[PDB]
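Take a look at this one chain, the form solved without this ligand, written out in structure tokens.
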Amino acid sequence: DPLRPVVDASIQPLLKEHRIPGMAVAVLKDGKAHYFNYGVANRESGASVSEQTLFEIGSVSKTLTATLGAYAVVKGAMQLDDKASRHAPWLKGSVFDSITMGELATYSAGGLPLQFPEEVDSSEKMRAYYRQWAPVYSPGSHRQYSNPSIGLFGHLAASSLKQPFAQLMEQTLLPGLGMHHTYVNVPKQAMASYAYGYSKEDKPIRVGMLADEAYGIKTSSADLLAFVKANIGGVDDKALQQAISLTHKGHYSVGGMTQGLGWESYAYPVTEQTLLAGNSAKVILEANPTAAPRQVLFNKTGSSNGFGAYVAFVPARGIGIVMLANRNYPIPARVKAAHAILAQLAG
């Protein structure tokens, strides 16, 4: 493969520095998929990573959940400016009478935290948590990246379509996107393809409330590259195509990053500095005020215990990259490697 040396040059240093057991990389250019596989999915079996290996992609799941939400909008089941309690009777009489579905989707409802409190570990406790939650910021004014926020968005989008979230994803949305090996619940027949994650102590590990919606997808580099293709070349189904397009619209910005539904976007060519800043600890962990929204690059990071994922693509240039690893290695390393490889592809 004439792209192998370029991809290897940016990826092999990551593997060495962070002792990454395995990584599946996929690149799109000129309508063609290219797969570059490294190391092992499972240190016990020694099974090689391939483009069919399943990795936990963590928050990259949010792009898929966002697409389901957009699909519900396209189907007329909900609108982004609906109050959240329209789709959850159990939220009636709370502050979620005054917070919109779009605000949940874009982490801007007013300071919902990164994670549920550890104690919130059941349906009953989760409903209680939202009903007692006290806003920190006015709706729309601040971005605080949040699993409870987008998790609730996805959960309520599923409810608006009158089906369970996992079923909608596995039976309708994901196969509609050409993603037939993408799961919230990995079935028996797919378990042999499922990597283990590796913690910092090299312990094998795999993945709470709204996990499915917020961070629970297992998928392959082949399936995720198919999703990238869907986000560039499109899909056959008109409703899904319109849904995908809704996920590209900018809602607001934080520095040089523009927040949409799931995807976070940048003007392209993008400097490494701009891409690092929008993916920085400050943006991920702290509340930041929302500013007016901005060729475009779209991306999403995701991590779980033992896993580290990144996807970035540029529709105007027909290029994209997926990097799925079974080590949670630092986001800036992901960004720098992707930026370098994409720049080589862009020419």
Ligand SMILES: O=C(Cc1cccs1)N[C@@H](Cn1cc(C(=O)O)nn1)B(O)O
The other form holds:
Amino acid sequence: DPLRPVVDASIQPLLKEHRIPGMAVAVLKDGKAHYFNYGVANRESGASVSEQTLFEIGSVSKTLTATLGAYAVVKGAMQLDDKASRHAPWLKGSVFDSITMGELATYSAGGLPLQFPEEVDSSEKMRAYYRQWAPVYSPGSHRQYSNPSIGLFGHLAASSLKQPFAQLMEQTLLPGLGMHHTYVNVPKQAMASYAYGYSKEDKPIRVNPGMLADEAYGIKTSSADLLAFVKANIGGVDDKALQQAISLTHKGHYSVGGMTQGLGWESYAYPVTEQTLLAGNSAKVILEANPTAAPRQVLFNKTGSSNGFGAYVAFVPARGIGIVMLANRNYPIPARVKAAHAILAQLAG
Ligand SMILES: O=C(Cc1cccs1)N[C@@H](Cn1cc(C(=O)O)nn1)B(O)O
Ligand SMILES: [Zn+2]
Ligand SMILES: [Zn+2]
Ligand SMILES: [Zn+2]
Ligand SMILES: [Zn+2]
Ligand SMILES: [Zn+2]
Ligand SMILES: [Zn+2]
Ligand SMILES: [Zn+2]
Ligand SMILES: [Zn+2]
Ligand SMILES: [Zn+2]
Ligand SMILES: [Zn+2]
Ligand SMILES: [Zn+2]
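Alternate state requested, the form solved in complex with this ligand (shown: the form solved without this ligand):
Below is the whole assembly, all chains and molecules, this chain first.
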């Protein structure tokens, strides 16, 4: 493959610097998938990474949850300007009478935190958490990146379609997108393809179920499946409702600096500087409340991490280019962004 030198040149330094046990990289260009696989999925077995290896993609899950939400809209089961409580009887009476589904989706409901408090470890406690939550900001005025926010969005979109979220994803949406090895619950027959994550102390680890984990950060997938999702986000899919769903995930709702927030995907004018891409993926944007501003060739991306795992996806529909990078080390986001940026610049020519 004459792309191998270019990918290796950006990826090998990451592997060495962060002692990354394994990484699966997939690149799209001119309709063609290219797979570059490094290292091991499992340091005990020494099993090689391939484009079939399953990794935890963490928050990249949010792009798939967002697509489910968009699908519920397309099917007429909900609208982004629905009040959250329209789709959850147990939110009737709360501030979620006056927060919208779109606001949940785009982390703009008013300061829902990054994570549930540790004590919120059950259905009952989760419902009470949301019912007792006090808005920090007016709905729509601040982006506070939030698992409880988009997690609730995903959970209520599923409810709007009268099916459990895991079932909708695994039986309808993901097979619809061409993603047959993408799971919220990895089945027995796929467990042998499931990587272990590696903590900073090199302990093997995998995600634990937390409240709304499935919706907010729970997807396990391969580089091949995630590149098919990228393909679907560029070339489209056969099913028309799905196609229209995907399109909805591309539209800008608001901007923070040079990043534009959509459903799941975060977008930039392309060509995009390394500086701009780093800023919109900065700790500031991830961790703090930032005021929303009016929204924006376009690059779409999403970062994802779990304990022991680090993922990144970026693509540029107008140029037919895309990259997936899945590792079983949670290595720093700036390193993901710089490597992706240099590889995509080489593909774009
Ligand atoms: O919430 C998750 C999954 C988890 C990772 C750690 C605990 S649950 N990931 C999202 C935000 N996050 C990233 C991180 C982190 O890496 O510390 N902690 N939280 B994400 O953006 O991938
Ligand atoms: Zn090489
Ligand atoms: Zn529920
Ligand atoms: Zn299938
Ligand atoms: Zn299969
Ligand atoms: Zn597959
Ligand atoms: Zn589960
Ligand atoms: Zn430590
Ligand atoms: Zn588009
Ligand atoms: Zn919106
Ligand atoms: Zn402010
Ligand atoms: Zn050129």
